[PDB]
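Notes for the one structure printed next.
Missing here is one protein chain; the remaining ones are kept as they sit in the complex.
By written order: A, B and C. Residues from 1 in each chain.
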Amino acid sequence: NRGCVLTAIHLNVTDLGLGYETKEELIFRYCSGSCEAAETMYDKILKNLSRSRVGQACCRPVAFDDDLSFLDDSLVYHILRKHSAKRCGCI
Amino acid sequence: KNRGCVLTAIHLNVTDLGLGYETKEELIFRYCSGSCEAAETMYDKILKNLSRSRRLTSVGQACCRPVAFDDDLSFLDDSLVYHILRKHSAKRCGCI
Amino acid sequence: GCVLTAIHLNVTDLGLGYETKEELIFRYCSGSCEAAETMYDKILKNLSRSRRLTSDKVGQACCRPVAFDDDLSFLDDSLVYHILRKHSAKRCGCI
Partner (left out) sequence: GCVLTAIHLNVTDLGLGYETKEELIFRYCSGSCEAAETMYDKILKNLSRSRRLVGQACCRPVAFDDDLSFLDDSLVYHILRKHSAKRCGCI
């Protein structure tokens, strides 16, 4: 499913909408694209049961980037975990 | 918590699966379906926020899928040929 | 835990005496209710655990439908319409 791909966008942590005030920036990566091909027995049978008579697979992160630690303007440090995709896949 | 993501069971003949098997084997096939509107990860919260801000239009959203699969099903078909179905039926559903 | 699960069935499978080939997806509520939301439930759980009350799980909370799916309609073999109301769960809760 090569249509399911990873895209990177350069953002400020403040663009994440998490309510933090900081100058930290990051490259945010996300998954998008089609998952029209069956990658498991389960999806094959889901299809067949349609052509016979939802739950379709989706392009999502299967691996996440490393933790990102940043300093707030309020002196509090924060760690974002599983906030950005490292690898994408149909699941 | 996306309570709408549920497991649904259907009793089928393995021949109902359209996999080409010639057997009398039957099984309870289970599949996952339902809504996953609620963000369950930092990643999904961010996607919701970037869509609202128009920096990334609503990307693959989380979907209701199996998080666990029933055990492998081994059987001999009508010609005594051995076959195994792996990750063919849902055991547990989750927004992923 | 209390969750909604579903099963594909034939209307005939319901045992209501209908003669039809129509099917449906029946959804139901099942699971335990171990959280006591009121003092009454906390007391029943304590009385039960201390054996001051004997009945298995005397009056404890049950996993039940708190909302129902749309009503099911179908035509039987005699070409008579039937509507099954509040026949399937849409949401489950410990009550």
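Simple rule for what comes next: contacts are C-beta pairs under 8 Å (C-beta built on N, C-alpha and C of every residue); 3 or more make two chains touch, one makes a residue touch a chain.
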| item | value |
| --- | --- |
| In the full complex, displayed partners of the excluded chain | C |
| Contact with the hidden chain (one of C:35, C:43, C:75 or C:80) | C:43 |
| Chain not shown, touching residues in chain C | 7, 9, 13-16, 26, 28-31, 38-40, 42-44, 46-47, 49-50, 52-53, 55, 58-65, 68, 84-89, 95 |
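Everything below uses one rule, namely that only the chains that are shown with their structure count from here on.
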| item | value |
| --- | --- |
| Touch-based graph of the chains, sorted into line, ring, star, complete or other | line |
| Rounded Å distance between chain A and chain B, as computed from the means of their C-alpha atoms | 19 |
| Where chain B and chain C are represented by their mean Cα positions, the distance between them in whole Å | 24 |
| Chain centre separation (chain A, chain C; CA means) in Å | 37 |
| Touching two or more other chains - residues of chain A | none |
